Amino acid sequence: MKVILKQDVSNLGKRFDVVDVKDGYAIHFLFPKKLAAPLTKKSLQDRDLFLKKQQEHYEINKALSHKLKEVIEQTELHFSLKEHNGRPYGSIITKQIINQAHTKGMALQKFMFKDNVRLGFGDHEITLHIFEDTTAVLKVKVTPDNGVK
Amino acid sequence: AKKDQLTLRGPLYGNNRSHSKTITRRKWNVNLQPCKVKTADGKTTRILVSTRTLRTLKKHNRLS
RNA sequence: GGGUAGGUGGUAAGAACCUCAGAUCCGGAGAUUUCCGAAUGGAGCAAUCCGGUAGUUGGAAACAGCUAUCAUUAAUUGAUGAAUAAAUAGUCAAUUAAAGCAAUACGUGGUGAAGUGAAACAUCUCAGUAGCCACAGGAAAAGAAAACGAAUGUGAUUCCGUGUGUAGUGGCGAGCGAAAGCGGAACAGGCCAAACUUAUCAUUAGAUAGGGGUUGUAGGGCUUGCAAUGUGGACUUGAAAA
RNA sequence: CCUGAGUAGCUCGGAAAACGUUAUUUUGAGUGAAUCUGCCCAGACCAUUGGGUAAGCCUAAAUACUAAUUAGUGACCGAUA
RNA sequence: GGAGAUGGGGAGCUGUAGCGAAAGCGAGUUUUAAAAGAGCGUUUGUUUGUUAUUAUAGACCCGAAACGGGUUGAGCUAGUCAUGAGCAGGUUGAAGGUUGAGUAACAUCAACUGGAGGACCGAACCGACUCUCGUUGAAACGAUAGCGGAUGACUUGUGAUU
RNA sequence: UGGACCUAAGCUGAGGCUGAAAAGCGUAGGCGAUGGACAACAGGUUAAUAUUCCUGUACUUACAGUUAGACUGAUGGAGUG
RNA sequence: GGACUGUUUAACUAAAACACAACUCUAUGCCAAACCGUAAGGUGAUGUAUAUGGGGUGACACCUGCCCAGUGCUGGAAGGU
RNA sequence: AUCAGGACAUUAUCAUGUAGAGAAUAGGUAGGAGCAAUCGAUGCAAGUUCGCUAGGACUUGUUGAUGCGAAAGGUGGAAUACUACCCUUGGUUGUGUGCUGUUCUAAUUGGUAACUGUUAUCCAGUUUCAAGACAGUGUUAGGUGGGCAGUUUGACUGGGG
RNA sequence: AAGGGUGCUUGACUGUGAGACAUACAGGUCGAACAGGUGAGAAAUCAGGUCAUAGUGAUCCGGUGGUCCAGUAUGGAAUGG
Ligand SMILES: [Mg+2]
Ligand SMILES: [Mg+2]
Ligand SMILES: [Mg+2]
Ligand SMILES: [Mg+2]
Ligand SMILES: [Mg+2]
Ligand SMILES: [Mg+2]
Ligand SMILES: [Mg+2]
Ligand SMILES: [Mg+2]
Ligand SMILES: [Mg+2]
Ligand SMILES: [Mg+2]
Ligand SMILES: [Mg+2]
Ligand SMILES: [Mg+2]
Ligand SMILES: [Mg+2]
Ligand SMILES: [Mg+2]
Ligand SMILES: [Mg+2]
Ligand SMILES: [Mg+2]
Ligand SMILES: [Mg+2]
Ligand SMILES: [Mg+2]
Ligand SMILES: [Mg+2]
Ligand SMILES: [Mg+2]
Ligand SMILES: [Mg+2]
Ligand SMILES: [Mg+2]
Ligand SMILES: [Mg+2]
Ligand SMILES: [Mg+2]
Ligand SMILES: [Mg+2]
Ligand SMILES: [Mg+2]
Ligand SMILES: [Mg+2]
Ligand SMILES: [Mg+2]
Ligand SMILES: [Mg+2]
Ligand SMILES: [Mg+2]
Ligand SMILES: [Mg+2]
Ligand SMILES: [Mg+2]
Ligand SMILES: [Mg+2]
Ligand SMILES: [Mg+2]
Ligand SMILES: [Mg+2]
Ligand SMILES: [Mg+2]
Ligand SMILES: [Mg+2]
Ligand SMILES: [Mg+2]
Ligand SMILES: [Mg+2]
Ligand SMILES: [Mg+2]
Ligand SMILES: [Mg+2]
Ligand SMILES: [Mg+2]
Ligand SMILES: [Mg+2]
Ligand SMILES: [Mg+2]
Ligand SMILES: [Mg+2]
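Here the protein sequences line up with chains f and v, keeping their order. The first sequence begins at 1 in the authors' numbering and counts up one residue at a time. The second sequence begins at 2 in the authors' numbering and counts up one residue at a time.
To be clear, the hints were calculated from the coordinates, so they are not data collected in a lab. Built from N, CA and C at the ideal position, the CB exists for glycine as well. Treat the hints loosely; a few may be bogus.
[To be verified] In silico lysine-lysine, DSS-like type, Cα no more than 30 Å apart, as pairs:
| hint | chain 1 | residue 1 | chain 2 | residue 2 |
| --- | --- | --- | --- | --- |
| 1 | v | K44 | f | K52 |
| 2 | f | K22 | v | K22 |
| 3 | f | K67 | f | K41 |
[Claimed, not checked] Pair ranges (Cβ atoms, derived):
| hint | chain 1 | residue 1 | chain 2 | residue 2 | range |
| --- | --- | --- | --- | --- | --- |
| 4 | f | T75 | v | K44 | 29 to 35 Å |
| 5 | f | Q45 | v | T40 | 28 to 34 Å |
| 6 | v | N16 | f | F50 | 52 to 58 Å |
| 7 | f | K22 | v | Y14 | 21 to 27 Å |
| 8 | v | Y14 | f | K104 | 48 to 54 Å |
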């Protein structure tokens with residue numbers, strides 16, 4: 001069914017476009033990831049009339065996303081020291097959402113679908129790398145330090 | 002019960018006709034499947050609805 | 001209030017009283033109404049046991065009297081509040097309703113057999129009957145044509161007679177059996193959504209509260225005029241009368 | 001400009017109507033329309049003619065019954081009834 | 001209208017024209033090329049009362065073994081679970097252990113200790129193999145005399161449960 | 001001897017799960033002895049009651065006042081039971 | 001005849017019948033197979049192939065022969081329906 | 001969701017075929033008497049495919065304006081260049097369908113573990129692990145199915161069988 | 001002769017059918033005669049299967065051919081007769 005999409009996707013479209021994609025990828029992947037949007041103003045001619053505002057809406061959500069990037073790039077010392085044996089046993093057991101217990105609410109939201117971190121989420125006792133993608137062009141680099149309490 | 006939670010549409014009782022027209026009572030059950038419906042960005046309850054109601058929600062932009 | 005000269009319920013005599021400041025008796029309106037029972041403070045082997053809370057009176061206190069309250073669910077409101085910042089889940093409090101029963105009877109809906117008949121039996125019949133369950137009401141259900149149906153036709157629903165045991169439907173067997181039309185009982189038609197417009201919600205409203213509208217020989221909205229201040233309701237409070 | 005969409009239709013299994021499933025009505029699974037030059041119906045179906053406006057709601061009366069209250073009746077019974 | 005006879009109510013029903021599957025024709029019609037032939041017709045009504053028979057209802061009365069639907073029963077009994085209790089008395093004397101002999105060291109043998117067994121005899125207790133009696137009994141299953149088990153796969157009380 | 005104390009099998013069971021309906025299962029709680037904990041013995045008396053009434057001698061648990069000493073220590077942990 | 005001790009048709013059959021320790025085959029890798037229900041739930045089992053369920057035989061000793069045509073079970077390339 | 005594979009149709013593109021005779025590898029039906037040259041020949045070098053060991057065709061590089069007996073000779077049932085339609089077979093960028101084969105997670109599942117509601121083995125929420133478009137469930141359609149149910153299983157007969 | 005041979009042919013016809021046999025019914029058997037158009041024969045006459053009696057199965061259901069009937073508002077079609 002017809003869906004207009006917001007961000008950049010490897011297939012289908014670039015920014016605004018109308019793609020006929022199956023509902024499985026739309027209601028379960030494209031919609032929760034903010035990579036697409038349902039029928040704009042509920043029809044096609046309605047979409048055409050409202051596209052003259054959707055462009056600026058895309059501009060301003062990108063603008064606030066850039067503001068969100070600045071907010072992480074400002075205060076960023078969000079730290080965490082683990083309680084382990086330390087010398088022979090070193091591994092971060094915080095998963096991801098313990099770190100999201102220090103981003104969303106306390107500081108810049110940094111939603112779970114926004115941070116494109118790997119599946120190991122850091123397993124070291126030293127400064128590491130956090131990658132977050134507000135958009136398809138912005139790359140976020142965070143350096144958290146670790147250790148023993 | 003094996004029924005929808007949005008609507009109240011339930012099973013349909015009927016006959017199981019075969020060759021020689023032998024009568025045996027049977028029950029048609031609704032295609033109950035689990036779905037999660039957001040409501041004002043919160044309370045994403047995992048309700049058990051039929052596929053027909055699921056299609057209605059999908060065409061209504063998940064409105065219920 | 002009526003109405004009197006007797007009354008104190010029956011097996012029922014006697015003893016002792018009441019009653020003419022109007023008794024007993026009959027009618028209307030009230031008062032009290034132990035315990036169990038939907039039973040609902042908790043339990044339980046029904047008519048029992050064990051309590052909490054807030055008052056008040058005795059005691060020097062434990063305690064004991066005398067009161068009121070204390071179930072669950074649903075809806076509304078307010079407070080508090082997890083995993084986890086916010087927010088929900090949850091918790092608490094207040095208010096309002098629900099519980100159950102019976103009329104061996106009628107209504108609606110869900111589920112739903114078998115004996116039997118077909119001279120056996122499986123389709124079929126029995127029968128959508130019995131039974132089981134849910135919800136009522138004083139009736140319920142139905143109801144204002146996306147209709148009948150073959151015409152210069154009728155014009156919500158319901159019930160009665162006929163149409164007829166007809167057209168039809170049936171291992172075309174046992175059987176089942178209307179819908180039109182006609183004659184009667186009664187008769188009533190109303191109201192929302194959308195357009196359009198008003199006000200307000202970080203007005204992303206796609207939401208809330210109003211005006212406008214309710215259709216078929218199409219209706220309504222948009223713009224522009226004439227005529228209207230009535231008739232009638234399935235309608236609220238009162239007053240009066242029969 | 002508005003006139004009720006997972007709706008009417010269609011397919012696969014059932015059923016309601018007198019009908020043993022079929023034009024009409026309904027639905028468990030799937031699919032799925034149009035917008036007064038529109039849609040549905042007149043026993044498969046098509047064309048002409050005609051009829052009616054589905055997918056929203058409420059509706060007294062005539063109708064069904066008597067556990068009970070008052071009055072009364074019976075070619076009903078009269079202690080095995 | 002008296003829980004009336006009845007009056008209104010002609011909706012309808014039977015007869016008046018039949019024949020044919022039917023359109024259709026008509027004292028004719030169907031069959032057929034036929035008019036011939038043959039089949040059916042070319043007339044005798046209706047509404048009630050009474051009696052007889054018959055159809056639907058349980059249909060003259062009494063009688064099944066049954067079938068389906070609902071409830072009540074594990075206080076008897078069968079199993080399982082929880083918690084208790086009981087088995088008078090007397091015998092046999094395992095494994096094992098100690099000591100001594102013995103063995104190169106084992107094995108083996110002797111004495112003592114030890115008290116096991118779905119062990120033995122036999123009461124309460126449990127069960128019911130036999131004769132007799134009873135068979136409208138004392139008793140809807142027992143009595144006398146014998147009989148099997150009797151520390152166990154035992155017996156039993158209370159409570160729960162299928 | 002049993003409640004005002006406690007639990008076994010099992011029953012009930014707010015929420016909750018499952019199921020056309022009735023209902024079934026089940027968590028927290030609550031019941032449930034045939035078990036556990038808890039202080040009284042001897043004699044006499046009436047026609048009928050007696051560790052219950054009477055005589056004699058005891059014990060237990062609460063509350064208040066008082067004297068002396070001591071810091072008191074559970075809805076939870078551990079031991080015993 | 002049954003290895004044995006035992007169990008059985010309350011109220012005509014206590015036995016050679018059933019059971020029993022033992023043998024063998026088969027299924028089951030754990031949310032296990034099997035089983036009660038419609039499902040939830042539960043037994044198996046708070047167990048893990050030295051374990052569980054089912055079929056057959058029935059101490060101990062010696063043995064258990066031939067047939068895979070038919071039926072049952074397991075596996076199988078392609079090919080035909 | 002993505003990747004790879006072969007299959008059937010074709011948008012665009014090439015070719016592909018030997019009875020003899022016929023200067024020769026003749027798939028059929030037409031117009032058909034001229035045709036080629038910077039949409040560049042003779043000679044040469046290489047290559048995929050094909051094979052009748054001879055040949056067809058496509059592609060690249062030099063070459064340079066002269067040629068076609070494969071128009072006109074001639075043979076043959078079918079005859080030659082050029083422009084079209086119709087058959088066997090192969091490759092190609094490309095879409096349309098499913099078929100087995102992988103990977104991924106967000107649907108969904110868990111009788112993995114943890115936290116919270118919560119003094120709580122259930123349940124709910126949030127994770128984590130393990131699976132994963134499988135599984136489970138609904139509808140439809142085959143196979144097996146005395147586990148279960150409703151019934152049938154005749155009459156004559158020197159009684160019945 | 002109703003047996004054998006030869007020639008020509010297809011009456012092994014169409015619509016019927018007064019009257020009888022035998023029969024519970026359903027069915028069966030014989031048949032004069034009429035109309036149409038034929039075959040044999042000069043004609044009269046004969047031919048509606050064989051010298052005669054066995055050689056056969058109701059209804060329902062569906063299929064095939066023809067058809068001067070119906071065609072659910074009308075024209076067809078479907079579906080029937
Ligand atoms: Mg039946
Ligand atoms: Mg008075
Ligand atoms: Mg029957
Ligand atoms: Mg019968
Ligand atoms: Mg009979
Ligand atoms: Mg009503
Ligand atoms: Mg229709
Ligand atoms: Mg029916
Ligand atoms: Mg119209
Ligand atoms: Mg019609
Ligand atoms: Mg409409
Ligand atoms: Mg009496
Ligand atoms: Mg008497
Ligand atoms: Mg009259
Ligand atoms: Mg005549
Ligand atoms: Mg007369
Ligand atoms: Mg017992
Ligand atoms: Mg013994
Ligand atoms: Mg207790
Ligand atoms: Mg006790
Ligand atoms: Mg005494
Ligand atoms: Mg024995
Ligand atoms: Mg014995
Ligand atoms: Mg016996
Ligand atoms: Mg005996
Ligand atoms: Mg299960
Ligand atoms: Mg377990
Ligand atoms: Mg044996
Ligand atoms: Mg043997
Ligand atoms: Mg053998
Ligand atoms: Mg073999
Ligand atoms: Mg096989
Ligand atoms: Mg579980
Ligand atoms: Mg699936
Ligand atoms: Mg099947
Ligand atoms: Mg069978
Ligand atoms: Mg059977
Ligand atoms: Mg029967
Ligand atoms: Mg016989
Ligand atoms: Mg005989
Ligand atoms: Mg004889
Ligand atoms: Mg001859
Ligand atoms: Mg002859
Ligand atoms: Mg038939
Ligand atoms: Mg017609």
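We went through each hint and held it up to the structure:
For the given pair, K44(v) sits about 34 Å from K52(f) by alpha-carbon distance, which is inconsistent with the 30 Å threshold. Restraint check for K22(f) and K22(v): the C-alpha separation of about 43 Å exceeds 30 Å, so the hint is violated. A hinted pair counts as satisfied when its Cα atoms are at most 30 Å apart, and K67(f) with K41(f) qualifies at roughly 28 Å. In this structure the supplied range 29 to 35 Å holds for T75(f) paired with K44(v), their Cβ-Cβ distance being about 32 Å.
In this structure the supplied range 28 to 34 Å holds for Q45(f) paired with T40(v), their Cβ-Cβ distance being about 30 Å. Separation of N16(v) from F50(f) is about 53 Å and conforms to the stated range, judged on CB atoms against 52 to 58 Å. Remark: the range hint 21 to 27 Å for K22(f) to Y14(v) is contradicted by a beta-carbon distance near 35 Å. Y14(v) and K104(f) have their C-beta atoms about 51 Å apart, which keeps the hinted 48 to 54 Å range intact.
The structure fails hints 1, 2 and 7 (numbered hints given earlier, in ascending order).
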